[PDB]
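A quick write-up on the structure given underneath.
Just one protein chain is left out here, and the rest sit where they should.
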Amino acid sequence: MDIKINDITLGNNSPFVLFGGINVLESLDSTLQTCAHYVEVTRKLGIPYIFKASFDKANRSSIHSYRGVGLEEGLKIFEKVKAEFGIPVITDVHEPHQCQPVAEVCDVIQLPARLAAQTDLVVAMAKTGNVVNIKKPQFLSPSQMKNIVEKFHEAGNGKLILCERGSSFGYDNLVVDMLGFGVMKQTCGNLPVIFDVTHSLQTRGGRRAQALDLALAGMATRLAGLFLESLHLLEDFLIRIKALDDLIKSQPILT
Amino acid sequence: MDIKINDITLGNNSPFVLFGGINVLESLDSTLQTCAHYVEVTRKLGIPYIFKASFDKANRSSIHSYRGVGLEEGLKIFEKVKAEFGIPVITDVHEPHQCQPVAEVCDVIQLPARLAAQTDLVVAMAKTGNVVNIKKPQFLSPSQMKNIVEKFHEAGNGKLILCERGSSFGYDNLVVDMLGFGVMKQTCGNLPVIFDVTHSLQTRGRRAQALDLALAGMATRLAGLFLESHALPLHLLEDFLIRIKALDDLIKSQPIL
Amino acid sequence: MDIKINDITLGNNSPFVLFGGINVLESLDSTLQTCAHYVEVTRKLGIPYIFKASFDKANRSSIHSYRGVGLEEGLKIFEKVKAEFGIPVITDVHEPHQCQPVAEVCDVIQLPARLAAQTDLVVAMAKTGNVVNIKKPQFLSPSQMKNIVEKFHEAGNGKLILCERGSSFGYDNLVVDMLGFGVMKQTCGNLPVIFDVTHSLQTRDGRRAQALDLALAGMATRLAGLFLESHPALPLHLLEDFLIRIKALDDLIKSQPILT
Partner (left out) sequence: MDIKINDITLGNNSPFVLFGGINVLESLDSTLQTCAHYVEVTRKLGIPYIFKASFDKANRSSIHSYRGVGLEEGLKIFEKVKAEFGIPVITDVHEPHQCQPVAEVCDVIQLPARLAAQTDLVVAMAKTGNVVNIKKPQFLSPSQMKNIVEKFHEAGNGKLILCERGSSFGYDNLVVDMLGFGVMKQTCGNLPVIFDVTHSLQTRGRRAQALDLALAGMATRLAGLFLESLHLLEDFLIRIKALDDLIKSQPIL
C-alpha cells in the first residue's frame, strides 16, 4: 500500500524517501539553514525528502533540556519551511490535544515509540486523518505491530508508516532484526516500512561507517524510506544508499 | 534508605511489604471485597500491606476495551478503601495533569514503565512530594535505573521505590535477572527495591511459577513484593504469603555480609 | 526421582548436595589441601559433599595454558581423594574413549555443555552405567534438555543430573532464568537439578556478594544441589560463611511441603 504525501509517493516499491532534520526546533533562522542543507543535497541526487523536527520533545535525556520552541511558534516555523522549500514535514506529538492543531500544518505526525500503546493518543492521532509514523518500540516484536495498526484502523485511519528502530538485545544494546521488516510487511498489509538507523545505533569510518553498513543492510530488504537524526558526508552517504535502493527497487519482488 | 508510608517502614533490610490488589478498579463493592480479603490475610500474618489498583487501563489492545472506572470514580473508591481499612494505597498515573489530584488521595503514585522517560510526567509526579513507585522498563538495564532516579532527584523528590518487572529476552518473553536487585541497591543509594512478580510472568501451572519466582527474588533481600490477584487466585493468597513470609523472615534475620 | 551416590541421596526434595572443588587438577598436595578444607567445612555443617575437578580442561584461555595433569595421573589423584576422605568425586569427559576409565574411578561423570549434542559421547557415557551430570548449554532453552535426556534413556541410562549454568543474554553476558529450574523438573521427570553458580557469574565484573545472591535465589526454587569452584571462583576461606547461609535457606525450603 502506497501513501501520497503531497507530490511524494511513499511505498515499499517506490524510490526511498529520506526523513531527516534536527532534533528540536530552536528558531526560524536555524531551522531554515539546516533544512536548506538537506534540501540541497537531496535535490542534487533526486531523492524525495521530508523535514523532521520536534516542537515539544517530551523524552529528552534531562528534565531541563530544551524541549523546543513549543506548539504555536513551532507550527509557524513549519509553515515557513513548507512555503520556502515546498517539501512535507514530520513532527512528533505526545499530548492528545495537540494532534489536531499540529495536523493543520504538519503532513506527517509521529507517534513516539514509548507512547505507542497509549489509547487516547492513538485515537487523537487517528482522528486527524493525517499520515502517521508509528515508531516501533524496542521491546515489541515485529508480529505485534499489527496490534497498533488495528487500533488506528478502529479509529478510522489507515495512512500508517511503520518505523523500525531496533530491538532490545541483552542490557544497553540494540540489534536490528533484518527479518522483522518482512514480518511487518506480511502482517500489516504492506504498509510503508521505514528504517530509523540513527536510533538503532545510539547504543554502539567510526560511527559513520556503522551507520552506512546498517542503512545499506536494511535498505537491501526493500523499504519505503530511511530516517535519521543525522555535508559532503551526507552526500556521500546518500549516494551509496540511492545506488542500492535504485538497484533493489528496479527488480521485481521475487516470484 | 528507608521510606515511611504512614506507619509502615519500607526498606531493603525491613520486613517485606506487600503491594497487592487488582488490575483495574471496576466497582466499589468488588474493590472492598477484594481489599478486605488482602487486609484480613495480611493482618493475621503480620505483613504490612498497601492496596494496589489502576483507575484507568490506558493501553489495552482495543479502543473499545473496558478501561476501568476512570479518575473521578476511582479516587472516590480509593478514599473509601482508606477510610474503611486505614491502609495506604498505590495507583499509576499516565498524564501530568492527573498527578496532583491523584496524589491528594493516593499515598504512593506509580510511574508506568513505558512512560518513565517522559520528562513532563516525571516532573509532575516529583512535584507532588508523594512516595513514587518507579516501574523498571523491561528494556532498561539495572545499572541505568540510576538515570531515572537522577531525574526525580533533580526535580526535588527522593522518596522513590524501584520496582522490578523483568527484562526483555528475545521477542515476547521476559527473564528476571536476580543479580539486578543488587545492582540497583548499589547504584541507586539503597532505595527500596520491590519485585513485581505478576508482570514478570505475563509472557508465560502459573501459580507454582509465581511462587518459585517470588521466593527467588525475595531471597536477594528486598523491601517488598508487588502482585495481583483475581494473576494469582485470591484464595491461594494466604498459603502463598505464608511461604514468602517464612523466607523473608529467614533472610532478614541473617546479617548482611 | 532421587539418585544414590554412595551414601548420599541426591534429589530435588533432599538436603542440598555441594559439588565443589577446583577448576583443573594441577598437583596432588594442593588438591588434597583444597579438598581437606571443603571436607572439614561440609562435615562441620552436615552438608553432603562431592569433590569436583577437571583432569583435562579443554577450553583454556590460551592454547599452551596447562591443560591439567591428564587422564592417567588425574584418576590417581581422584583415587587418593576418595581413599583419604571417603567422599564421591565428579569430573568431566571429552571423548568417548575416556568414558570407561574415568567411570571406573569417578562417581559422577560430566557431559560438557559444548559437547552435549555429540551423540557418540552421549552413548559412550550412557553405556558406562555411571551417574551423569548434564551441563545445560547457555544457548539451549530449558524445554530442550528433555531431548538430551531422551538420548541417554534410549542408550539405557536414567541416572541423570541436570546442571544450570545460565543463558546467553545479549553479547558476552549471562542471565539465570529462575523459571528454567521448574521447566526442567516438569519436562524431564523430576530428575535432580543442580545449579552451577560459578559459571553462571563468569561474565560479571563484590563477586562474593553476587555469588551469594544468585545461589540463594536459585536454591529458593527447591534444588538438589549447588555446584561451585573456589581458588586458594569464591575465596576458599569464605566457604563456611557462604554455606551457612545456603544451608539455612535450603533447610527452610526443604522443610515445607511443595505447594500443590
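Here the chain labels run A, B and C in written order, and each chain numbers its own residues starting at 1.
Keep this in mind: a residue touches a chain if its C-beta (ideal position, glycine included) is under 8 Å from a C-beta of that chain, and two chains touch if they have at least 3 such contacts.
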Contact partner of the left-out chain, one of C:36, C:117, C:209 or C:258: C:117
Residue among C:147, C:186 or C:256 touching the omitted chain: C:147
Residue touching the undisplayed chain, where the options are A:1, A:63, A:175 or A:234: A:175
Missing-chain contacts mapped onto chain C: 58-65, 67, 94-95, 114-115, 117-120, 122-123, 137-139, 141-144, 147, 150-151, 154-155, 167-168, 171-172
Chain A residues touching the omitted chain (full complex): 167, 169, 175-179, 181-182, 201, 204-205, 208-210, 212-214, 216-222, 236, 240, 243-244, 247-248, 251, 254-255
Residue numbers in chain B that touch the chain omitted from display: 169-171, 173
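Here is the rule we go by: only the chains that are shown with their structure count from here on.
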Contact-richer chain pair [B-C vs A-C]: B-C
Centre distance in Å when chain B and chain C are each reduced to the mean of their C-alpha atoms: 37
Intercentroid distance (Cα basis), chain C paired with chain A, Å: 51
Contacts with two or more other chains, residues of chain B listed in rising order: 167
